[PDB]
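Complex shown without one protein chain; remaining protein chains in place.
In order of appearance the chains are A, B, C, D and E, and numbering begins at 1 in each one.
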Amino acid sequence: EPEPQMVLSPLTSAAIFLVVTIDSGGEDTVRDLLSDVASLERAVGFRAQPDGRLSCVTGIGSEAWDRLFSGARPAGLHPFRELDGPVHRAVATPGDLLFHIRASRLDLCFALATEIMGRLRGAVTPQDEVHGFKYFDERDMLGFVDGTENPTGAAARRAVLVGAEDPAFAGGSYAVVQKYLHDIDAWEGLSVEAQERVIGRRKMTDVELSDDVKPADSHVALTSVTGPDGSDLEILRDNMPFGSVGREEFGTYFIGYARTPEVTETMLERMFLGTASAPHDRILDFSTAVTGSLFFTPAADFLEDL
Amino acid sequence: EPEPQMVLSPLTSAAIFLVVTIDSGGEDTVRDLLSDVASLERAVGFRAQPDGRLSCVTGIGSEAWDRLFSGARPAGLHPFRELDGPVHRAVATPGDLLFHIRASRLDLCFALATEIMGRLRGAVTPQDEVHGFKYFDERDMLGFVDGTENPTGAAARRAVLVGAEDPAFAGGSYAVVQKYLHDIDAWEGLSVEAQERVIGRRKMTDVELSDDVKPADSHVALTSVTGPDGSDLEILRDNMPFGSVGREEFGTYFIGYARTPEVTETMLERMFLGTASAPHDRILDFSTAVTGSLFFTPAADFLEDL
Amino acid sequence: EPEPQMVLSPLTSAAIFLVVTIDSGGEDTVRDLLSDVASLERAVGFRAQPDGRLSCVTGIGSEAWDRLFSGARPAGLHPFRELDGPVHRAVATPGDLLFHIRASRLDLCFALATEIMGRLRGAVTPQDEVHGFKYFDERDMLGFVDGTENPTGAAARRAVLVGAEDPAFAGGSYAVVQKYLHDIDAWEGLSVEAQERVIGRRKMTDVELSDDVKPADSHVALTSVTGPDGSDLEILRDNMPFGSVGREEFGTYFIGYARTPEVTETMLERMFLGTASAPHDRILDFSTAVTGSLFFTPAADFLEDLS
Amino acid sequence: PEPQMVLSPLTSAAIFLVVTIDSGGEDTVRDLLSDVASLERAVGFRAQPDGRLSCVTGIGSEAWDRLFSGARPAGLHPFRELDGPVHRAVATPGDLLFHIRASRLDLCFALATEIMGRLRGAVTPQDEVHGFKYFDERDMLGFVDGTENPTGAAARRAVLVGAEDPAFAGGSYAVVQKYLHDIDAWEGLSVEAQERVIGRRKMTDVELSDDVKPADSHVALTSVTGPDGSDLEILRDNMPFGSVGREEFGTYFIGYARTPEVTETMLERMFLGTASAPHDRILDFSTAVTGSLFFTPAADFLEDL
Amino acid sequence: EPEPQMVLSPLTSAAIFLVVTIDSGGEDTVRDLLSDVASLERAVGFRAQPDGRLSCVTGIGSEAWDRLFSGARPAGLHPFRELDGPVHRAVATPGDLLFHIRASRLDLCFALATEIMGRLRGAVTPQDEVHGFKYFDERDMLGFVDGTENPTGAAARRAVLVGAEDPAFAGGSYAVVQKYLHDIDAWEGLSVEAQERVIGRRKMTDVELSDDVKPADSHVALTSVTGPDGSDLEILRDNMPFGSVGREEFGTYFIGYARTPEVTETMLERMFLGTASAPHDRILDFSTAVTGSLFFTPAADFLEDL
Partner (left out) sequence: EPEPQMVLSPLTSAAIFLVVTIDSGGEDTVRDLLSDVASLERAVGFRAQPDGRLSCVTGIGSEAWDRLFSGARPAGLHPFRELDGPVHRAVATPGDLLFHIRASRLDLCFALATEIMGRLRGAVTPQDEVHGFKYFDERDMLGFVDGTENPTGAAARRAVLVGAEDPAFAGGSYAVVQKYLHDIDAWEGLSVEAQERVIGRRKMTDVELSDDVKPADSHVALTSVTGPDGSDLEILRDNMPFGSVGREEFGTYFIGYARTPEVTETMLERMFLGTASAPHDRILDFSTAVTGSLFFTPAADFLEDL
């Protein structure tokens, strides 16, 4: 079988998100790193066995793919599609490589990132760097438990991993990243009950609102998508809080994995463009996307055979 | 193909056992809960990732099944069979629903139980509620390590999960519960060596007694059962100590999972009714069963498709 | 230099509260136990070094004291004073001995309680037994962080330990216990904002409400007491949640330590009888006291020097 | 007098927050200062036994005059800029210091949010650093950092203001400097060369013998004996920080002492050098980008506002 | 279908290595133990659930196999082959039974070893006993991170477990043990850079040296073996530091598992005898092997069916 990257691994207490573009004539240096990335992961990771839980997921953008590789392309790989809604906008920003680094400790993440960037120095330009941290009982900056309804086990495997529909890239996945900044002043102006109506779940207990009470423009309502078969379309989210108190930055770093970008994009469209019953996702009234990129995260063996 | 409940999950340091009967005209409320139980489990459980280890196993009694569902019944589902032995008696007590809730912390168990009972309020009558706690190095109230010979891996899967013998209910299991109260005064009257002869294992080291020394009326001897094919008949036990010091209650809450109740019942019969070589299980001379109920724990997907 | 009991020790994740009365002619058996209690604590506790954090605080009631001991009495030792307010009542219930047992694990608590009761069997009658457990991020059954404003360090020592004002009992303390049951249905009927106005603190963040917004009948307002010298009167609280889901019991087991019972009683009076600005503590509209007892917890050396 | 948590040990997470007080912001600041310990408990109690949340509040020299009337701490003055032949220790603006520590970053961030929420519109942020533990108590140079910190009574005598200034007993002086390291240059050296810069073995953290230890090594220059012949000591709570993209690999230096003279003597030896050493060799790989001095008063001082 | 021993389990912080020879007429006692070994493992192990991580891997030597069993032999089972190189020698020493005991605590290891030896007393002669301990961030006595490049997941399973090539012993594995003593005085005489050239990896960061800088006589170079198929030949190593400061013993206890001993032996030959480009492994200039034994570790069910 093909061996996937750690795209199915659970949420950790620390994360580093690193997005870079490949400079002119940097292809060679990048290809060398890509073949050594798993090697670097073990080099750092083994030091903190067995509680370290260091992993790195490497993603490659659409434009970057053509510059790096000859032959077949992943069927669903394309640039992030900008969504200009009536009120809210999902922007597309540059990104060739994604490094999604997770561990139970930030030091492990930072050490690995140092090794990666040390090898890439002079071949890449950094676009974005976010240091994520767990906030209390798995909460986001809005004060709600975040990640509850992530699929697990076989359900996760079927939702995330590329299969027979694109057999040359089986074991791969698609990652969509968006950096969100929150308007905390406005958010804290709402009552808890009002906030619950925005999300679609109880704040403290994380219990889902009943279908009779759950608004149609609530986050949970709009991101609940059924396919033609009537089965649920699911994504795996590894969102992390981040921020800077001085600059009044309180953020959610969104990352979602899916076997096809169509699933994530459908959810994006419902959020930004709305449905017949909802103008847009109410969460966006308190959340601004400042980045937006799409990457293909190939199977581990693909990177190694370079 | 069918996804079982957490019937194969290991012992935890905290547990809540909840047994209720369904009131007249409470069927509708119960069916609604049953479809939401896994949802409630995640809602509470996700807060304490990743060390929480919160799980809930839901069981349905024989009489309750007929009230709740139409169509096929699990082949082995029947009311708990009372055993009136010459000396000791295994009583049958009322119970329609079983909630076997486990976590590494009691708060998680209590929180989930609160949500379940909050939804069931006015539709059910509580019969029994036990808060179990780990006692030293996996000991019971008799001071012996308890659970040692539980099957693991494939052996556990084959012993616990319903398979091809009842294909419509594959992935299900049968749970037998008995609340035992111990006569500690009498037990502590025995020497350690005498106690070892009752159980069939060394007290401190938990090493099994050799076959030449192990009495025929010892607990280990009587609960060791070989089937017609010569293979060992096994059950998975999740026993928890409980008690109240003031009321002089020192208890073992027995729960055993098996793919067919015949296995558990055979062991029960040997214990209470005895064999040709043993009058009864010597453990019963220091243990009184005060409850007795049998439940079928269906596959997770069965509950969800309601 | 007198050695106090673990009355200054922090909150743990598990606790057992045990209240018993001494039967007729049980005095001798009780005195023997009291001299061995610290010994039993070590016997169980040492097994779980160093994360066990097993402790037992032993308290003796007013009536019980006279039955047990011959000489001087602690100056502030008296039976719990029942408070019959216009609406709410703080009941006084029987209790001769208090065992406040804490550890990081319930097994340690249960093991010690077993040894104590095994020695006391036939000499005492159990009045109350509560198994307390930590609830999330130090929350009570009302869903609020509970214990925030407990004094620490020197402030705790000055607030809790008997000193020169009663030198024969220096290193002792006074414990007031009340078992509260909560009306969760009524409580969950309120909005979070309304609940915050009852307590006097933000629910999720545990941040105290500003003085301009904090109601006069809020829990925090009424339990804030300044003495004649203008300094704050403080108590050390070791409250634990408890309950049974089936019987719809959601409880707070209140225990407060102070160097004099006057401090705790003042707070009690303000809660139940009210002030000029407040009828009563709004928390009592959702909380019923079902027990009430006062104990003196002597210095460790006092217990050891028996017989 | 009850001191702040200036004697508390190093934690795995820290937030350093330096702000200046805007014109007419004094009132808002004084209100916060009286509530800071209250806010610390509000957040800290949530994580009660593992959390180890603490906040040390420091006040600058210029800020002190704007905030308070009456006596000043004897040693309180603005950070003294040191213009050495080669290296420079810059002085940058800073009125308030918030040194926030915990075993988890969330606790630090939560407390910082509450503090800044109260100070919004009254202060301007100058610096914000999120510190993290790096392996076995290492700094960005790859050396164990904090080994020779005083403990127990020795720490108490070195850090806490006593009878020499009785009105401010239980207080302390904090010097902060944000350092950025030239990792490329540093990693160009052999381990042995690096050891000669620091004055200790890299892996084992064992101090070099006096026969081998260079006179311009970090350990040599920061070893100071007073007129009484006893060692002059400071308590350091240095934390690594950085951003991989911007090539920032930093040490956030913070040192507590009962008098700033001790820290300043060490600073002078580092930047200006001695007769035997031009300067501290560590500075050849380290650039100070901030420099501020604060007085951290006793806890009761803040509360009685 | 066959259940293997814990040969795939990760490194722990404590270990006991026990090598014994079977005395004349001790076969019967040994066979009885072998059938009870898993039983003894559970008896001790269950006490420290779930963080104990107690395991025991039992190995049987070539000569011992013939004395114990009739019928088929594992295809690759033979005595350890002594290697007399020009300079360095890999000695073969006596060993009939191997007990590889691991846990997160030494007490668990010692307790199990006590029970095993208690049963074997008078039937076996101890040859070697080593108490291993974790040294900082997974380091060996040479001060390098040790075990980094161990295979994981499916790769580990394919490298370690006997399969269809010997179907009667599927689920088994081959263990090679060597006790090494290090010349620390000589080693510490080298600069860090010189030490890095001996190993083939950076000392502190554990990052592998680039192929342009990595010497041909470095440890990593010589133990990197590609098969006829062009794929990498891998072994699973569970090396533990040990020693005594007074007697100047600073040791590495080498143990390597592989599906065939040919893999381990190839690496051994390259180390001791060298290649065309390298005289011998430079690590041996600072390391002396004092024991050398080869064992077959059968599937668990093989031991149980005795």
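Heads up, the rule we're going with is that a residue touches a chain if its C-beta (ideal position, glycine included) is under 8 Å from a C-beta of that chain, and two chains touch if they have at least 3 such contacts.
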Statement: Whole complex considered, the hidden chain contacts B, C, D, E
Task: Give the residue, chosen from C:47, C:81, C:121 or C:158, that touches the chain omitted from the document.
output: C:47
Message: For a quick check of understanding: of D:7, D:10, D:224 or D:277, which residue touches the chain that isn't displayed?
response: D:10
Field: Hidden-chain contact residue, picked from the options E:25, E:228 or E:246
entry: E:246
Task: Would you indicate which residue among D:27, D:148, D:192 or D:261 is in contact with the undisplayed chain?
output: D:148
- prompt: For chain B, which residues lie in contact with the unshown chain of the complex?
  reply: 136-137, 143, 191-193, 203-204
Message: Tell me which stretches of chain E touch the chain missing from the display.
response: 13, 16, 18, 20, 47, 105-107, 110-111, 113-114, 117, 126, 128-129, 131, 133-136, 243-247, 250
Statement: chain D residues touching the chain left out here are 9-10, 136-137, 144, 146-148, 152-154, 200, 204-207
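The rule is short, and it goes like this: only the chains that are shown with their structure count from here on.
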Task: With one step meaning two chains touch, work out the least steps from chain B to chain D.
output: 2
- line: Chain centres from averaged Cα atoms put chain A and chain E apart, in whole Å, by 41
- request: Calculate how many whole Å lie between the centre of chain C and the centre of chain E, each centre taken as the average of the chain's C-alpha atoms.
  value: 58
Message: Quick check: what residues of chain A touch more than one other chain, meaning two or more?
response: 47, 111, 136-137
